[PDB]
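> Next come the chains, spelled out residue by residue.
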Amino acid sequence: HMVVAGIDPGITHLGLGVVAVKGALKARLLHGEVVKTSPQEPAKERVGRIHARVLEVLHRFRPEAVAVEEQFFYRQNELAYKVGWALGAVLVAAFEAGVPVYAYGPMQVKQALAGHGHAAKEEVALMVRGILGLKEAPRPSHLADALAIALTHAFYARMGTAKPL
Amino acid sequence: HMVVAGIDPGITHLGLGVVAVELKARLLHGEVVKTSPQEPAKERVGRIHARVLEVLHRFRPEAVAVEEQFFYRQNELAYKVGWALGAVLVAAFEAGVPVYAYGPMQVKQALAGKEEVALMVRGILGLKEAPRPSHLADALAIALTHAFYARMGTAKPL
DNA sequence: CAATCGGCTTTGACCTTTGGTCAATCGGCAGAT
DNA sequence: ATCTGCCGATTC
DNA sequence: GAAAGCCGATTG
Ligand SMILES: [Cl-]
Ligand code: NA
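If you read the sequences in order, they're chains B and A. Quick note, the first sequence lines up with residues 0 to 20, 23 to 166 if you use the authors' numbering. Quick note, the second sequence lines up with residues 0 to 21, 26 to 116, 122 to 166 if you use the authors' numbering.
One should not assume that every hint holds.
[To be verified] Keeping only pairs whose Cα atoms sit at most 25 Å apart, straight-line, the calculated PhoX-like set for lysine-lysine is:
| hint | chain 1 | residue 1 | chain 2 | residue 2 |
| --- | --- | --- | --- | --- |
| 1 | B | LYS111 | B | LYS23 |
| 2 | B | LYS136 | B | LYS164 |
| 3 | A | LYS37 | B | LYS164 |
| 4 | B | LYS122 | B | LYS111 |
| 5 | B | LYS37 | A | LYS122 |
| 6 | B | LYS164 | B | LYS111 |
To be clear, the hints were calculated from the coordinates, so they are not data collected in a lab.
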């Protein structure tokens, strides 16, 4: 039985999910959340709330690990910058919590969750509803990913191949 | 007396300087924060946030000004600079100081018609030698660049 | 309010009836004072 | 220790 | 040659 938080990082919508797992991938959704900020706030405050929110959730659920998604490529560099900001407030927060951080990328999730190298966006989210025993598929997109990441971290942790940051 | 913190953001060397102002001004504190890839990323960003926060509590500045490049020939770079930036803003948020951002264009041309500016800061403050490392002179350019535009009401908040 | 949508994907200086080129970023590592 | 240097830039 | 996320503006 282990508690993983999963984060799909981004400055506009930040996916936040806590789950709980030992035999096959069977886990139970503890918390789900999407942090939203608008380009109307001073950046200090957009990333200021991101940090507060993750801290509350890390204190409340005392997980064993944070897992974040890491995109292998951003089309323009101001995207990578700002997604970078939000990972910063996350990193600071996991440091204040002493929770250790692991990052996986968009193909390690596919390889773990659907068992295939290239699953469909529909092919993973179904594998998530199953690992979680959930009525409907979880929404929005960014929260679906966040839960996928948390489960992908648990998959590779069961094989002792986890990727710290 | 306008006291203004300047930052050259970066995950490996992060320039941090504080400056008070009366058409010129004096130096209050300087340091480069250093962190190494042998550290867990949570600890590198950790220290950067811890250390910026302390400076802001001490000197209670009226503005943090950070530099902001627009070119990065690779994404992995702009990503990690963002980490270190993010740690800053989290701290600026806690400290409650407003953040302002200037690009190298409005720093070069806010002070000198390349190295022509990096020497001017030795003057606009008053120093035997120009400052080292590079990253600290950058940090100090920025704090001045802000206070300059702060007097022309074209301060650009982030 | 809260969600859905489509467009955008570095910027600037220089010279080269005319749109061409070119350069800047910084993080990891290795080796020396 | 603290600095100076050169090299390399997305993955399937 | 594909890959994603930010922003600004539009609805119900
Ligand atoms: Cl979303
Ligand atoms: Na601000």
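> Decide, hint by hint, whether the structure agrees.
So, going through the hints one by one against the coordinates:
| no. | hint | result |
| --- | --- | --- |
| 1 | B:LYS111 x B:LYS23 | 20 Å, holds |
| 2 | B:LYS136 x B:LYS164 | 31 Å, violated |
| 3 | A:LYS37 x B:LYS164 | 24 Å, holds |
| 4 | B:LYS122 x B:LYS111 | 9 Å, holds |
| 5 | B:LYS37 x A:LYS122 | 41 Å, violated |
| 6 | B:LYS164 x B:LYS111 | 16 Å, holds |
Violated hints for the displayed structure, listed by number in ascending order: 2 and 5.
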